[PDB]
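> The lines below spell out each chain.
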Amino acid sequence: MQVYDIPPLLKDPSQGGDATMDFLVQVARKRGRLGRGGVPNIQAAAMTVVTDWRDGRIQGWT
Amino acid sequence: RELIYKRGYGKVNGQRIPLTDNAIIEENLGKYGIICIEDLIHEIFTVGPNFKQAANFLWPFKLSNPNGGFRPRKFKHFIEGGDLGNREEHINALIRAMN
Amino acid sequence: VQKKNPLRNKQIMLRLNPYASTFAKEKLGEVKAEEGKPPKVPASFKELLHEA
Amino acid sequence: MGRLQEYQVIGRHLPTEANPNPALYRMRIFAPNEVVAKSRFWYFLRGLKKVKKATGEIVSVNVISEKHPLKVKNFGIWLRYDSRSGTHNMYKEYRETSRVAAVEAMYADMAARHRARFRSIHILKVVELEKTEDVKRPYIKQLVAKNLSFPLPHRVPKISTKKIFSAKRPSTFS
Amino acid sequence: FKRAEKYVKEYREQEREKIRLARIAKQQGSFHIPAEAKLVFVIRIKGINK
Amino acid sequence: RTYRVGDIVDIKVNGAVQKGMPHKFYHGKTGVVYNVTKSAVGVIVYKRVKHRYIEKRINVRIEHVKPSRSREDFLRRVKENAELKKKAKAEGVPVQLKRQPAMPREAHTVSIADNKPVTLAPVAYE
RNA sequence: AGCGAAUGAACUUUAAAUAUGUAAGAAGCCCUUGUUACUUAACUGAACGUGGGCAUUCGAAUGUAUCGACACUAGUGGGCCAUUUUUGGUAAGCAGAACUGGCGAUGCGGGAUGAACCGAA
Numbered sequence: 214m215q216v217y218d219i220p221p222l223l224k225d226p227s228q229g230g231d232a233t234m235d236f237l238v239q240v241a242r243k244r245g246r247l248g249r250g251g252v253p254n255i256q257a258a259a260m261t262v263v264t265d266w267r268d269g270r271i272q273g274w275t
Numbered sequence: 007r008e009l010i011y012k013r014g015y016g017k018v019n020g021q022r023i024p025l026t027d028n029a030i031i032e033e034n035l036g037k038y039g040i041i042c043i044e045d046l047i048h049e050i051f052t053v054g055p056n057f058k059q060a061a062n063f064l065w066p067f068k069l070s071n072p073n074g075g076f077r078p079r080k081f082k083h084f085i086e087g088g089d090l091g092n093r094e095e096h097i098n099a100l101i102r103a104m105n
Numbered sequence: 405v406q407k408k409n410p411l412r413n414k415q416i417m418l419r420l421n422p423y424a425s426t427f428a429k430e431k432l433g434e435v436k437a438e439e440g441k442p443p444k445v446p447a448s449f450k451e452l453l454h455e456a
Numbered sequence: 033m034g035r036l037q038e039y040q041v042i043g044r045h046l047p048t049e050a051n052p053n054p055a056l057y058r059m060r061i062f063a064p065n066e067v068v069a070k071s072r073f074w075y076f077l078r079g080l081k082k083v084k085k086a087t088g089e090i091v092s093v094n095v096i097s098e099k100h101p102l103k104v105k106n107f108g109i110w111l112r113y114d115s116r117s118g119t120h121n122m123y124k125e126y127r128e129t130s131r132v133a134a135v136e137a138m139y140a141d142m143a144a145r146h147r148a149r150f151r152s153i154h155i156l157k158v159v160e161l162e163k164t165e166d167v168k169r170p171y172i173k174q175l176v177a178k179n180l181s182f183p184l185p186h187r188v189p190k191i192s193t194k195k196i197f198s199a200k201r202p203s204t205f206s
Numbered sequence: 012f013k014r015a016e017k018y019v020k021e022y023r024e025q026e027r028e029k030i031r032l033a034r035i036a037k038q039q040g041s042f043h044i045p046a047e048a049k050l051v052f053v054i055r056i057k058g059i060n061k
Numbered sequence: 027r028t029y030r031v032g033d034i035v036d037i038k039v040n041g042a043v044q045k046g047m048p049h050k051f052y053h054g055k056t057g058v059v060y061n062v063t064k065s066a067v068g069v070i071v072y073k074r075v076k077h078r079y080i081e082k083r084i085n086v087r088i089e090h091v092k093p094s095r096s097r098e099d100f101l102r103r104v105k106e107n108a109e110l111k112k113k114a115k116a117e118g119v120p121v122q123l124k125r126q127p128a129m130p131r132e133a134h135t136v137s138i139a140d141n142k143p144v145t146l147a148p149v150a151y152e
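Residue numbers (our numbering), protein chains in the order written: chain A, 214 to 275; chain B, 7 to 105; chain C, 405 to 456; chain D, 33 to 206; chain E, 12 to 61; chain F, 27 to 152.
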């Protein structure tokens with residue numbers, strides 16, 4: 214949340230299924246991965262989130 | 007804030023409908039992440055990536071004449087003692103008088 | 405049927421902005437400055453200030 | 033013009049890769065608010081040097097207040113005013129408690145006495161005569177003179193303008 | 012609620028962060044130039060004749 | 027110079043040759059060549075009449091025409107984002123392709139050291 | 001601005017303001033390969049076919065009370081004044097172009113009054 218702003222999104226029904234689509238949309242708007250009609254490119258931001266995780270921009274362990 | 011709360015109106019299918027509820031923001035600007043009326047305040051003030059869509063959704067503000075009037079010589083420059091032109095932070099005194 | 409000013413009635417204000425209750429409750433419009441003794445203006449700034 | 037203030041305006045040419053760290057000019061400007069103080073800064077600067085608003089920037093604007101607005105000072109203003117013939121120099125003197133009160137009385141004087149407008153008057157230098165016997169005008173020297181004391185003959189009473197009629201005739205000795 | 016709680020925070024920090032930098036540069040021996048304004052409200056106050 | 031039927035040209039109208047010169051309204055304009063002759067050329071030039079526009083077919087000599095390089099920007103720009111789009115897709119890093127219209131200046135500081143400001147009078151005397 | 005850069009409006013590293021022509025993708029680009037009735041020493045050019053990428057930033061901003069093609073149907077085809085630019089002339093008036101604006105089909109507030117002024121439909 215602190216790395217990529219991440220304002221409080223709606224978890225909707227269940228958990229995780231819709232939160233990932235919400236967290237990608239906010240990342241697309243903040244980083245700049247919008248569309249032609251202003252829509253958030255979910256594939257671009259999730260790739261950009263995947264680009265950050267492989268590069269080490271996100272921290273975690275097991 | 008007082009321009010949107012008091013004289014804020016939208017463009018829903020070409021019609022001027024006032025922002026009386028948060029719901030009509032989401033049905034027209036919720037595809038850009040703007041779902042509340044504080045979101046529209048934040049997008050207009052701190053100019054964000056969806057300013058193109060927020061400003062055109064906003065109907066032009068039909069303001070009143072200023073309370074107390076203009077300066078005596080209205081159609082001169084603000085630097086020359088009048089009202090026309092750029093006044094920077096002094097637009098707020100004009101907003102408070104008109105709105 | 406009737407346009408309602410959020411600045412006049414606070415029920416429509418609480419309808420639009422739920423944070424308006426905690427804004428008044430915690431007095432966010434009366435936040436004070438952070439503590440700390442303010443250091444004096446530099447003397448170099450003063451002689452610049454009244455040069456001519 | 034109204035409640036005039038005195039501003040310190042710092043400006044410079046826009047920095048360039050060929051000319052980094054430019055000359056950083058400064059002027060003292062008597063203006064009613066900030067937006068004309070910035071406008072009068074770029075008006076004079078484009079007259080002297082090549083720098084203009086599009087190719088320059090404003091570094092700082094700071095108001096300057098009087099050291100002691102409660103003491104009475106004699107001020108000498110050198111000014112250059114444009115008439116229908118040409119440019120002329122004057123040295124005028126006024127007795128105030130502040131520098132903005134000096135130029136406020138100056139603009140009223142030049143408008144009343146020489147029909148001069150704001151865009152024709154160039155305030156060259158405003159100085160405070162720190163010691164007396166440097167006052168050189170006869171009207172101000174008249175006020176500086178020793179144990180000064182005058183009466184107030186023919187003081188009209190302040191009768192309210194909506195009191196149309198009065199019973200007793202007014203007196204002019206107070 | 013949480014988003015407007017977050018929004019009103021930055022309105023306070025941005026005012027304080029612009030204030031503190033003008034204070035610091037003054038003390039360090041420099042001048043701070045604020046960013047030119049990115050938002051302008053335009054009011055038409057004269058009729059379209061000639 | 028070689029001029030093809032159907033290219034963009036600029037009309038300058040040099041004063042050295044009095045033959046085949048057009049009016050001063052077609053001096054310093056830009057049009058399209060539609061007919062080429064032995065010594066003159068035919069240029070279609072848009073002209074403004076009140077509210078509408080009219081296309082006028084006038085004859086200009088070779089000595090007064092000159093090719094325009096308005097195609098030079100469009101051909102350069104079309105290639106330029108194409109190689110970057112090939113590069114950005116190869117790298118898998120998103121890249122801005124449009125051109126942004128000159129944002130306002132940001133905030134910074136200016137040190138007064140070695141740059142003490144000089145006070146100027148309203149008029150220069152020295 | 002400089003000529004502590006060169007050279008000398010006709011000087012230029014740079015560069016105004018200000019109006020004013022032309023372009024700003026998918027109906028688009030490039031080149032490869034073939035033909036032609038055109039052209040050239042020659043796919044050197046033009047045309048017809050071939051290939052590619054990007055359709056979830058398709059290549060500046062702002063606005064968009066839809067746009068285009070075809071067919072059919074009425075009324076119109078006068079000018080007067082002013083600003084700016086500009087050509088000529090007089091002792092001074094003045095005459096002619098180009099743009100824009102107003103009035104012409106327009107009510108209201110003001111300038112005591114008013115075709116040409118100011119505000120505002």
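These are computed hints drawn from the structure, not numbers from a lab. Take these hints with a grain of salt, some might be off.
Here are the simulated DSSO-like pairs of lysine-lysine, each with C-alpha atoms no more than 27 Å apart in a straight line [to be verified]:
hint: 1; chain 1: D; residue 1: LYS163; chain 2: B; residue 2: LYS82
hint: 2; chain 1: B; residue 1: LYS12; chain 2: E; residue 2: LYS37
hint: 3; chain 1: C; residue 1: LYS436; chain 2: E; residue 2: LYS57
hint: 4; chain 1: B; residue 1: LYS82; chain 2: D; residue 2: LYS173
hint: 5; chain 1: D; residue 1: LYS163; chain 2: C; residue 2: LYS450
hint: 6; chain 1: B; residue 1: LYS12; chain 2: C; residue 2: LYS450
hint: 7; chain 1: E; residue 1: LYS37; chain 2: D; residue 2: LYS85
hint: 8; chain 1: C; residue 1: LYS414; chain 2: E; residue 2: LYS57
hint: 9; chain 1: E; residue 1: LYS61; chain 2: C; residue 2: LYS431
hint: 10; chain 1: E; residue 1: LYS37; chain 2: C; residue 2: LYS431
hint: 11; chain 1: F; residue 1: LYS113; chain 2: F; residue 2: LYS92
hint: 12; chain 1: E; residue 1: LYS13; chain 2: B; residue 2: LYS82
hint: 13; chain 1: E; residue 1: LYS49; chain 2: F; residue 2: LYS124
hint: 14; chain 1: B; residue 1: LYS17; chain 2: E; residue 2: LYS61
hint: 15; chain 1: A; residue 1: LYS224; chain 2: E; residue 2: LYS20
hint: 16; chain 1: D; residue 1: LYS85; chain 2: D; residue 2: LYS99
hint: 17; chain 1: B; residue 1: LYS37; chain 2: E; residue 2: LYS29
hint: 18; chain 1: E; residue 1: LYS57; chain 2: C; residue 2: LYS431
> Compare the structure with each hint and give your call.
Each hint tested on the structure:
A threshold of 27 Å between alpha carbons decides the hint, and for D:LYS163 with B:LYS82 the separation of about 44 Å lies outside it, so the pair is violated. Proposed proximity of B:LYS12 and E:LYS37 is contradicted: the alpha carbons are some 40 Å apart, above 27 Å. A hinted pair counts as satisfied when its Cα atoms are at most 27 Å apart, and C:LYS436 with E:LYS57 does not qualify at roughly 43 Å. A hinted pair counts as satisfied when its Cα atoms are at most 27 Å apart, and B:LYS82 with D:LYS173 does not qualify at roughly 42 Å.
Of the pairs offered as hints, the one joining D:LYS163 and C:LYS450 holds, with about 23 Å between alpha carbons and a cut-off of 27 Å not exceeded. Pair hint B:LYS12 plus C:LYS450 does not hold up; C-alpha atoms about 46 Å apart against a cutoff of 27 Å. With a C-alpha separation of about 25 Å, the suggested pairing of E:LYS37 with D:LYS85 holds against the 27 Å cut-off. Restraint check: the Cα-Cα separation between C:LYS414 and E:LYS57 comes to about 36 Å, which exceeds 27 Å; the hinted pair is violated.
Between the alpha carbons of E:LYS61 and C:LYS431 the distance comes to roughly 53 Å, so the proposed pair goes past 27 Å and is violated. Straight-line distance between C-alpha atoms of E:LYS37 and C:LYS431 comes to about 31 Å, which puts the hinted pair past the 27 Å bound. A hinted pair counts as satisfied when its Cα atoms are at most 27 Å apart, and F:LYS113 with F:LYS92 does not qualify at roughly 37 Å. Between the alpha carbons of E:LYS13 and B:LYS82 the distance comes to roughly 47 Å, so the proposed pair goes past 27 Å and is violated.
Restraint check: the Cα-Cα separation between E:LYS49 and F:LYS124 comes to about 20 Å, which is no more than 27 Å; the hinted pair holds. For the hint linking B:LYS17 to E:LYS61, the alpha-carbon distance of about 31 Å lies beyond 27 Å, and the restraint is violated. This hinted pair checks out: A:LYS224 and E:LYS20 have alpha carbons roughly 23 Å apart, not beyond 27 Å. For the proposed pair D:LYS85 and D:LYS99, the alpha carbon gap of about 32 Å is over 27 Å, so the pair is violated.
Distance check on the hinted pair: B:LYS37 and E:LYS29 sit about 33 Å apart at the alpha-carbon level, beyond 27 Å; violated. For the proposed pair E:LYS57 and C:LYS431, the alpha carbon gap of about 42 Å is over 27 Å, so the pair is violated.
In this structure, the earlier hints numbered 1, 2, 3, 4, 6, 8, 9, 10, 11, 12, 14, 16, 17 and 18 are contradicted, and the remaining ones agree with it.
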